[PDB]
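Participant: Given next are the chains, with one letter for each unit.
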Amino acid sequence: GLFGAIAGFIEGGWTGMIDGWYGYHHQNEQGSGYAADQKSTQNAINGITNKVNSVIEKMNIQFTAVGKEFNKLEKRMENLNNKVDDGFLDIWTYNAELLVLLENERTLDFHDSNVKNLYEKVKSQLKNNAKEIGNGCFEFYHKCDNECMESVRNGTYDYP
Amino acid sequence: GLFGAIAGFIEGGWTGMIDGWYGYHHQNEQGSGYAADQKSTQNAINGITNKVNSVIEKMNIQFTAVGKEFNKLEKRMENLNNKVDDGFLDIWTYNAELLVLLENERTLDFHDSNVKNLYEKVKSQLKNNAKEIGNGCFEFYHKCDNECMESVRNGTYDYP
Amino acid sequence: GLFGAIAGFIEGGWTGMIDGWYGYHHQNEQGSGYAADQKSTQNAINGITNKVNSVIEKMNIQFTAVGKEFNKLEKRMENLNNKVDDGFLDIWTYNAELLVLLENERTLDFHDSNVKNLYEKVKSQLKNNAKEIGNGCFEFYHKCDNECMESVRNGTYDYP
Amino acid sequence: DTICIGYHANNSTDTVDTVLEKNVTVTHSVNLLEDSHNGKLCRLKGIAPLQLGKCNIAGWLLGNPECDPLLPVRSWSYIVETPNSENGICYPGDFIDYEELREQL
Amino acid sequence: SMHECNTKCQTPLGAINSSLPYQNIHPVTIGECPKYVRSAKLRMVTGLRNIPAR
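Residue numbers (the entry's author numbering), protein chains in the order written: chain D, 501 to 660; chain S, 501 to 660; chain E, 501 to 660; chain Y, 5 to 42, 44 to 49, 49A, 50 to 109; chain F, 274 to 327.
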């Protein structure tokens, strides 16, 4: 997208992750499988939950709103009431649709950001222990276990 | 801007580019020329055309807005009318200048994004065969044709 | 945050940096201390000053607004006046609380971007003659004085 | 021993509209807009409304003979008319400040 | 038609029983209802772009 991970250098998303929005497809000689990164997943979920809260909280509830009737010699104050009800309804519908286009784009920017921050975090651990091969896929120089994969997940693996 | 490619690592834009918004310039033994990267330029043109359509679509065309007279013992209802007309015109003028400043910033950030996405796809493609010089320029280690420069435009390029 | 420097790759800010929002720590043999990057600090201050100006100057000052009087057979034009005042105040509080939460996040993204644009600028100058160590820190290969360390700050030091 | 960073996908045919592209297919979304209703008049917090039915406000308040079923109604949470609320004033003239009387009520 | 249902929000078409911020049913409301707007879709994304790789 904007940052260049979602349909970017990482070609597509994997249905093998269900545990979280971000994850690692490990391909060990001890067996392959998927494992979600709980940190980037929960930071994204917390930021999305606060965005979902914020847009609903700013929408203070509509109380009893009823139509006003006017007589045959009150057509001006009828057209003032009509202009007021229409003009408010225009502004509320306009702000509701404008914000939706903006926040959907900003959320796709935010998720693309969270894949990028996770990729560079794993790349800075696999420095001269691996090479980049598949745009997300690293290929190790010394072949390490599922414990060493989990060490790369949890933010350790200090190896050169 | 917000991605450090436009006015950043690439010092300025090329006036010899007319074919598209993002493009390359080869310096082969076959000579030189400006050639746009079509996929990034067209995707940006779709993103700009959709925003241009959206901001024009979201306002609905102003129907007949006619001024209303009030007599000498209706000056309260004139001050209600005037407050309604002013207060709507305030809000609609504020909404128009809000979305102009905000989306003009987002447009320059979006184009700056697309130029770094253009540079990073070429860096990940040329890899061990080329180094950085002018920040954007890639001296090859083997010297390949303008057909092989087109292989970097379409993003194939079959040599590590 | 979004760009992944502020609470990202750089773990925390320095309380010895006070002179600017961006800068460098000395760790040479000529002693420790701090020297601010005035270009990243001033471009951030200019963007912040223009957004501070924008949010204030768009809000054109409120003229005299007083309560209006209505008798016992004017409850409709009283409740129409009240609906106009309440509906404008709903929209006004809504636009103010939209702008403050959105542009505080965009300010965090903008500052986080200015740390990227500075760090990648120093990496492209240092290259092989210094390597990254303390996620922000660069260990000089050949070693050099506070004059050579200053030359990296001001936008020179074009050493491979 | 290889390790590949990626992002989530699923079977979800949810779509959203953005400034860049309309109807973008997404893994999860929620609607902030409401369209469902019971199709029924219901009690507002356990208290039933007054339904004027075949009558309007003026036929109930003056006590028109066709609006005698509405005369014992003491309390309500809201007042309801229908498109056929014609039993009002049953002898011609005018109702002075009618518009204000339904605003009081 | 009147029925022995209960609600926090009524409209002329029928009673809404939801906590969503907006509605598109009717401008006339009684009690504590969602905000009337002429919108047909205000769907916000919580996940990312679905690209199944299938």
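Treat the hints as calculated values from the structure; they're not laboratory data. A hint or two may mislead.
[What the hints assert, rightly or not] Here are the simulated DSSO-like cross-link-like pairs (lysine-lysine), alpha carbons at most 27 Å apart as the crow flies:
1. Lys551(D) with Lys616(E)
2. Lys575(S) with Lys572(E)
3. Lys314(F) with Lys45(Y)
4. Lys616(E) with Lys583(S)
5. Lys575(S) with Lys572(D)
6. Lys572(S) with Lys539(E)
7. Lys575(D) with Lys572(S)
8. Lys558(E) with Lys558(S)
9. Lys631(E) with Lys631(S)
Participant: Could you run down the list of hints and mark each one as holding or not?
Facilitator: Consistency of the hints with the structure:
1. With a C-alpha separation of about 26 Å, the suggested pair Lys551(D) and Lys616(E) falls inside the 27 Å cut-off, and the hint holds.
2. In summary, the hint linking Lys575(S) to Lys572(E) is supported, as the alpha carbons are separated by about 18 Å, within the 27 Å threshold.
3. For the hint linking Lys314(F) to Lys45(Y), the alpha-carbon distance of about 24 Å falls within 27 Å, and the restraint holds.
4. As the CA atoms of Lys616(E) and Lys583(S) are separated by approximately 49 Å, the hinted pair breaks the 27 Å bound.
5. For the suggested pair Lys575(S) and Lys572(D), the alpha carbons sit about 21 Å apart, so the restraint of at most 27 Å is met.
6. The straight-line distance between the Cα atoms of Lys572(S) and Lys539(E) is roughly 63 Å, outside the 27 Å bound, and the hint therefore fails.
7. Restraint check for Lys575(D) and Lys572(S): the C-alpha separation of about 18 Å stays at or below 27 Å, so the hint holds.
8. Under the criterion of a C-alpha separation no larger than 27 Å, the hint pairing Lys558(E) with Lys558(S) is consistent with the structure, at around 22 Å.
9. Of the pairs offered as hints, the one joining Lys631(E) and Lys631(S) holds, with about 17 Å between alpha carbons and a cut-off of 27 Å not exceeded.
Of the numbered hints given earlier, the model fails hints 4 and 6; all others are met.
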